[PDB]
Amino acid sequence: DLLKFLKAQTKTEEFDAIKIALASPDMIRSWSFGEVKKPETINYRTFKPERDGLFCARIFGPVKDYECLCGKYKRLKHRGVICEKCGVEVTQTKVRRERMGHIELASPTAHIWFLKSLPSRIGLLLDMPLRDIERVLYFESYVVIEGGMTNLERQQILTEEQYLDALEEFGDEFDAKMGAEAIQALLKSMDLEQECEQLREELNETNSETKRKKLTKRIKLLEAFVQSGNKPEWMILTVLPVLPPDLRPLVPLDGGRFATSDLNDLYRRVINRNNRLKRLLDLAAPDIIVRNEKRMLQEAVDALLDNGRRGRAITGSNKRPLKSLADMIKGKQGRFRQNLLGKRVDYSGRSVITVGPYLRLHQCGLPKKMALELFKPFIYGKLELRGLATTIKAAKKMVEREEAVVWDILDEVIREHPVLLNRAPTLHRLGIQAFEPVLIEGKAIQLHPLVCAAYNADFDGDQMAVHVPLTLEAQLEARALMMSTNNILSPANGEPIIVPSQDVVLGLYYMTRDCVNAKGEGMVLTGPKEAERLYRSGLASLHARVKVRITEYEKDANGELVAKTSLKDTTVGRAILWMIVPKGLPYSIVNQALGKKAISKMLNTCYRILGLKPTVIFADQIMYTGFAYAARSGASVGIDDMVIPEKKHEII
Amino acid sequence: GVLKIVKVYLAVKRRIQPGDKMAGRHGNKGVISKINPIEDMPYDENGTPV
Amino acid sequence: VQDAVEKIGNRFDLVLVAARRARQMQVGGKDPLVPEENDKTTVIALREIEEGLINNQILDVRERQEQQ
Amino acid sequence: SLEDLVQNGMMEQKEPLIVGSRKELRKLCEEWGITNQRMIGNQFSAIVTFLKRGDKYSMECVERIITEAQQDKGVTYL
Amino acid sequence: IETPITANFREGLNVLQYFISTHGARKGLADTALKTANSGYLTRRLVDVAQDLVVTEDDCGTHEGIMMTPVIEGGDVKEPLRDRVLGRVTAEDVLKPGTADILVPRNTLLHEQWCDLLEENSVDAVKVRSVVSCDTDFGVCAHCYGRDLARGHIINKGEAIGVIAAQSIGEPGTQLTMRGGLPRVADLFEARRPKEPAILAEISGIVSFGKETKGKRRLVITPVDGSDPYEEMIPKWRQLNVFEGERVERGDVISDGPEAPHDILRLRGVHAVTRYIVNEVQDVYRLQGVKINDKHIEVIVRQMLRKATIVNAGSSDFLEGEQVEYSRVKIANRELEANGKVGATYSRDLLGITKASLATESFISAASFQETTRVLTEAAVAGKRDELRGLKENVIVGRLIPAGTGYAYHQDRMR
Amino acid sequence: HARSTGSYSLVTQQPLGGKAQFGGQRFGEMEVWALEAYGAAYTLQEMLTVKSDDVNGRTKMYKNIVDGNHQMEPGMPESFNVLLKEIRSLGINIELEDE
Amino acid sequence: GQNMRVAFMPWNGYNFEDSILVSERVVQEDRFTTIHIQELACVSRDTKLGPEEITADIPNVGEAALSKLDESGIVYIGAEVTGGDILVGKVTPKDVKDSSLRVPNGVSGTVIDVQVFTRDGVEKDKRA
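Protein chains in written order, with PDB author numbering: chain A, 3 to 654; chain B, 1045 to 1094; chain C, 6 to 73; chain D, 5 to 82; chain E, 755 to 933, 1136 to 1371; chain F, 1244 to 1342; chain G, 797 to 890, 912 to 945.
Just chain A, with the same shape it has in the complex:
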């Protein structure tokens, strides 16, 4: 028995669920690595932790990274070794930040939460009034734990004069006391089996709606308490676990003193009170003095737990309320919220976005200096892999040398090593995307053309955040989850996310523009090469309507691009566009004056038929073509172009 529990003790993995409950005294004792015997964490004269102190490294773990407290041993050759001269180990000094301690309370103290939190957990379990339960716990009212032969009842609030009179009257017939150990025993006495059975019997007997509902709710609460299985006796803390010496550090402040969270001072005071109480128990103090010391230790524990919530917060020399451990887990100060509120990160930078019209959809314009700022450790690793780096400091110097060898190695490392990039604001998930980063000599963030709207900003100077996906899983995620091309459609609307506009649309319309009596109207071009020559040589105007053999490679019932070659009267510019037109779209899908609406419609057809990758290729080609045709379109806007209406005056 209990040796196969080690098998039941699974291997190191991810807990599917989190078990949160009340540690039993043994649970805390195991959770600790010693029992304290000194209220001072550190010795002020030895500049070292006090023996049996809150910082007591021998209790709390290695004070030196690989060096003994006794100094009889040191170095990494002896990490984690127990010295008789020392009684400590030599694992990393975080061991003193690791091993914990215990403080075995002589009398258990209820969780300040267990009562103070309304509804009082203990109170709801005891089903008793708040003041009576407190005066019990606060040693301010005797509670007849059991009357036995005497007329007293069970867990019934009484008076000290009443308690004394009853004691005189009954000898040893009854069980009554003032304190919290009584409530602890009552929980230990509460037969939740018998109590729940009686509650169910009463609820069945209770025919009144209110009485039945109350008995049923009590039975349900008792059933929940049983199902949790948390020992109701564990509701009172009979031992004080200690934070690690560094977890509760008495940090040596400027001037030889020790700076600590006020919880540490509360712990020191509670330790002093507990030591006094232990001496009293050893010395067999008067019961009045014993009760006073017990109340004092209990109050010290309560203050160390949650100052101000119960009683008055111990105001230090600065008179501020004491920092209890609850405060450390209270609010955004509790690491949940304030950490989740904000976190500036590394492997990332901010620089103004530049419109890198040259780059492909995957390509990214990475400030080469900023690039250097980035893969600097990656660069050092490459150079060591290049063997040239023998010392990391030397690697830093060669980086400082900014070597062409360093520059070449950077060019190598950059190869298909895309890392995260982001453009504020975080409106749509498309607002942040990575790209294949190619170093650009300087300090500008060159960006792809159509990525504008998705980046949720404009070229008005957005400093952009670019995180480094160093991890291979993160790199595979940059390739698959952050694949910008894999963000083709509207996440919210499904629609294409990069539909054409403006300059590309301008060139598109220009090529789509047709002229009457143009430069060589009514000719025959065999195909895109022929018209490309004619206009590129200037033999014809781009806006010339001409018939050209259009090889309409059109997907069959099996999807095969069944060509339908035919000389079709179309535009020279339209003819040129048909070259950009992929095999699988209608000639009429381009054989007309086309614009940003038409461009978007064609793009949609491409996403449909051409799927993803062919559509993306067609898109990149279309972008380059639109920029080129717009530049060649050689048109501007003139102030004279603003032809005011002729009869505007007559209308007025």
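There's no promise every hint is true.
Said to hold, decoys possible - The calculated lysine-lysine pairs, modelled on PhoX-like cross-linking and capped at a C-alpha distance of 20 Å, are:
no., chain 1, residue 1, chain 2, residue 2
1, D, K18, D, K56
2, A, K79, A, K66
3, F, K1328, D, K18
4, D, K31, A, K6
5, A, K6, D, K56
6, E, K1247, A, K599
7, A, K531, A, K521
8, A, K13, D, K18
9, B, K1051, G, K941
10, A, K9, D, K27
11, A, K378, F, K1306
12, F, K1306, A, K399
13, A, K445, B, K1065
14, E, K850, E, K881
15, A, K395, F, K1306
16, E, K1297, A, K222
17, E, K1247, A, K598
18, B, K1051, G, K943
19, A, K96, F, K1306
20, D, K27, A, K6
21, A, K445, B, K1057
22, A, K222, E, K1340
23, A, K66, A, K87
Said to hold, decoys possible - Facing chain D, according to a computed beta carbon distance under 8 Å, are these residues of chain F, among others:
no., residue
24, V1309
25, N1336
26, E1338
27, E1342
As the list claims (entries may be wrong) - Computed beta-carbon distance windows for the label pairs:
no., chain 1, residue 1, chain 2, residue 2, range
28, E, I856, A, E534, 25 to 35 Å
29, A, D558, E, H865, 16 to 26 Å
30, D, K18, G, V939, 53 to 63 Å
31, B, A1055, E, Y772, 40 to 50 Å
32, B, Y1053, E, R1140, 25 to 35 Å
33, D, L82, E, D1368, 20 to 30 Å
34, E, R1140, A, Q200, 49 to 59 Å
35, E, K781, B, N1072, 23 to 33 Å
36, G, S925, A, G89, 47 to 57 Å
37, G, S925, A, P323, 46 to 56 Å
38, E, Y772, G, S925, 21 to 31 Å
39, G, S925, A, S638, 54 to 64 Å
FYI, nobody ran anything at the bench for these hints, they're computed from the structure.
Every residue gets a Cβ at the ideal spot worked out from N, C-alpha and C, and that includes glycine.
Chains B, C, D, E, F and G: place on chain A using the hints.
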């Protein structure tokens, strides 16, 4: 609590660079794209480079 | 990578399997399952999955064989 | 610093201990006869710790915990 | 300002005209400055609501589903059902129009080819399996969840369609205004009751007017089925469209006014309530021009309707009127039926999305959401084991969120 | 502004912002929300523990990506361990409940 | 303003979205060049174990690092400085913990001026 104060003004020349923010009178603002080569600027009929 | 998606079925599963394969390729030191072409071990695994040269069951089988 | 720590640290200290449970926990509960599951909870790790200790105090504490666990209460991990 | 600026911008501005236009210009600038704010709060609310949401199931098989029909306004078609049907999976074998032959089968994913066929079918309404009706207890089963348009294929286990829809609302909300607007969006989200609730029959029966009370006339809703004839206090200030003696149903409108969330949920039902909410959101978006799949509305509602009032607890340890996780309710019902114990009849109620964000089944989720110290002490006393089923919880833990890659990691850990 | 590795808040152990503080931008909560909207699991994880606050984790990561180790031993970063030590010192034993 | 002869037309996507098309001649001409003069002040703070000793004697430092600084540790008027370079030799007690007010990282250039305002009651160096 202070014995001396040595104020040293750090004068650094600021040259232009692609990516700088520039603007014009009639609402025309923008960001310095890049210093295109001389051949890149279109040529006027009088051979004037823009 | 729609074909790669079909070969893997789910994007996350694709990513996880590819991570394992590339880790074997470089970190594990496994030879490139296909021509290197001076690409990333990640890129190597990507090509292998695109051609199906790597399967999760295949990975398990190779690991089990190696265990002996 | 960061490179200095990586190039300097002789003792990495590795990582902390952990716990795992359930399934075979029910098997041991059958072996131990305890009908409750809370003991399978907070007490599993403490039992592991005491067993690692194995001291007379540790063994006694483990035995007392076991006696308390088998004492009463019915709960089964799910 | 009846003076027309007959001049043109290039033509030059009259000083009077220039000043006149200056007012509207400043108005627009200030309006933009103001609107730059609220969408962020709206999106933050939506996201904090969807913190734990995740999709993990694929097959629902629940024959119930969106019997969606094309939107028509004033006898003229407004939204085509084909456009509203893509990316979905059928609720039943869609028959051919006017024919017994199934135009589409049951749980048939909405193919664009199938969409074209439906256009050829030119049908009106189609029963399409819905995530709101997704039999997937946790998450949305693709058989009801439909299809993932972002990848065009089906979603994957761990695809946070909730967060996706949340971003879908927020970024469209970023362009969307508050006026109506994000205000009405939050109100419907917060599920505020109507200001002037349209008077409606409490239950079906022979509708009659009761002894008109002070200022609020009584409508003695004589239950034709024989239930209690409900007498009300209907203000005389509300015109009665209906005449007494008529027969009505549960939710039948008598006097005009606006509808209330819990009211529609109770009388009309839950699916119709989602239908009305989505229709209202869509009308506002159409006025504003924002185009997004109603799947976002469905995700929001399904996150919203987690709780439901148990009409009759049956043999369950729960009680009558115990509104808890309708998912937990169904789980307990299945458990009770498994042993033969009597299930708990439940009544779904319409609650605020913000209220759902404030209170969560996960302990840490609620604590961080609100009452951090209070919930902290409450859970610490309770000692409830935390299973980390949500996403923001896994964020808090340091364990990977089981969304997509995390879901695969969890499955492998199981493997 | 650029930062691969720089200074972190000695109190917060989280990185700073800008090249002036040798820190990258803030992942905040809106960027975190966007990241979830995409779903970069391990990436968000590293950004949350390694890239955010893994101190001795940073030392090891330097030694490891020194070996080009583009992976990690993930899960319950270590802040989980710290909270565990805190709760145990509060006398609240917890179990890493393996299923 | 700088009256530039320009044209309103797109140039192969290099000009759209208000991209700035610039003649590199102007850059070579530096027709829009500028300068930044950021004052960097060093204070010899009177500290507890002795004032912040702004002085040319700096332990654990190189003479080349002291090149720009004058014999008083004063970066010579116009002295070419570097990012991180030790522009103003300063010290604190350790014996002495070098408190050298180094020119900022990423701040390299000519040391334009050094306004040494010694405290009322504190003497002035030969540079001052």
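For each hint, the structure was consulted:
Proximity of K18(D) to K56(D) is assessed by CA-CA distance (about 19 Å); at most 20 Å being required, the pair is judged to hold. With a C-alpha separation of about 14 Å, the suggested pairing of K79(A) with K66(A) holds against the 20 Å cut-off. Under the criterion of a C-alpha separation no larger than 20 Å, the hint pairing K1328(F) with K18(D) is consistent with the structure, at around 17 Å. Our distance criterion of 20 Å between C-alpha atoms is met by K31(D) and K6(A), whose separation comes to about 9 Å.
This hinted pair checks out: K6(A) and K56(D) have alpha carbons roughly 14 Å apart, not beyond 20 Å. With a C-alpha separation of about 17 Å, the suggested pair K1247(E) and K599(A) falls inside the 20 Å cut-off, and the hint holds. Proposed proximity of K531(A) and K521(A) is supported: the alpha carbons are some 18 Å apart, at most 20 Å. Our distance criterion of 20 Å between C-alpha atoms is met by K13(A) and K18(D), whose separation comes to about 16 Å.
A C-alpha spacing of about 14 Å is found between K1051(B) and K941(G), which places the hinted pair at or below 20 Å, so the restraint holds. A C-alpha spacing of about 10 Å is found between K9(A) and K27(D), which places the hinted pair at or below 20 Å, so the restraint holds. The suggested pairing of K378(A) with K1306(F) holds, with an alpha-carbon distance near 14 Å, which does not exceed 20 Å. For the hint linking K1306(F) to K399(A), the alpha-carbon distance of about 19 Å falls within 20 Å, and the restraint holds.
Proximity of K445(A) to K1065(B) is assessed by CA-CA distance (about 14 Å); at most 20 Å being required, the pair is judged to hold. Proposed proximity of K850(E) and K881(E) is supported: the alpha carbons are some 13 Å apart, at most 20 Å. This hinted pair checks out: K395(A) and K1306(F) have alpha carbons roughly 14 Å apart, not beyond 20 Å. Our distance criterion of 20 Å between C-alpha atoms is met by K1297(E) and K222(A), whose separation comes to about 18 Å.
Taken as a hint, the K1247(E) and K598(A) pair is honoured in the structure, with Cα atoms around 19 Å apart against an allowance of 20 Å. Of the supplied pair hints, the one linking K1051(B) and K943(G) holds, its CA atoms being roughly 16 Å apart against a limit of 20 Å. Between the alpha carbons of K96(A) and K1306(F) the distance comes to roughly 19 Å, so the proposed pair stays at or under 20 Å and holds. Simply put, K27(D) and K6(A) have alpha-carbon atoms about 12 Å apart, close enough for the 20 Å limit, and the pair holds.
Between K445(A) and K1057(B) the CA atoms are separated by roughly 17 Å; this keeps the pair inside 20 Å, and the hint holds. Restraint check for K222(A) and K1340(E): satisfied, since their Cα atoms lie roughly 16 Å apart, inside the 20 Å limit. For the hint linking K66(A) to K87(A), the alpha-carbon distance of about 15 Å falls within 20 Å, and the restraint holds. Taking 8 Å as the C-beta cut-off, the interface hint given for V1309(F) holds, the closest approach to chain D being about 6 Å.
Of the supplied interface hints, the one on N1336(F) holds, with its beta-carbon coming within about 4 Å of a beta-carbon of chain D, less than 8 Å. This hint holds: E1338(F) has a C-beta 5 Å from the nearest C-beta of chain D, less than the 8 Å allowed. Because the smallest distance between the Cβ of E1342(F) and any Cβ of chain D comes to about 5 Å, under 8 Å, the interface hint for this residue holds. Against the hinted window of 25 to 35 Å, the Cβ-Cβ separation of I856(E) and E534(A) comes to about 52 Å, which falls outside the hint.
Separated by about 19 Å at the C-beta atoms, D558(A) and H865(E) satisfy the suggested range of 16 to 26 Å. Hint check: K18(D) to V939(G), Cβ distance near 55 Å, so the stated range 53 to 63 Å holds. The hint said 40 to 50 Å for the Cβ distance between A1055(B) and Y772(E), and at roughly 44 Å that hint holds. In this structure the hint that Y1053(B) and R1140(E) lie 25 to 35 Å apart at CB is violated, the actual value being about 58 Å.
Distance hint check: the CB atoms of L82(D) and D1368(E) are about 23 Å apart, consistent with the given range 20 to 30 Å. Hint check: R1140(E) to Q200(A), Cβ distance near 55 Å, so the stated range 49 to 59 Å holds. Judged by the Cβ atoms, the range 23 to 33 Å given for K781(E) and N1072(B) holds: they are separated by roughly 24 Å. Hint check: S925(G) to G89(A), Cβ distance near 55 Å, so the stated range 47 to 57 Å holds.
One distance hint, 46 to 56 Å for the beta-carbon pair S925(G) and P323(A), holds here, with the actual separation near 50 Å. The hinted window of 21 to 31 Å between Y772(E) and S925(G) is violated, with their beta carbons roughly 51 Å apart. Between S925(G) and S638(A), the C-beta spacing of about 44 Å breaks the proposed range 54 to 64 Å.
Of the numbered hints stated above, those contradicted by the structure are hints 28, 32, 38 and 39, listed in ascending order.
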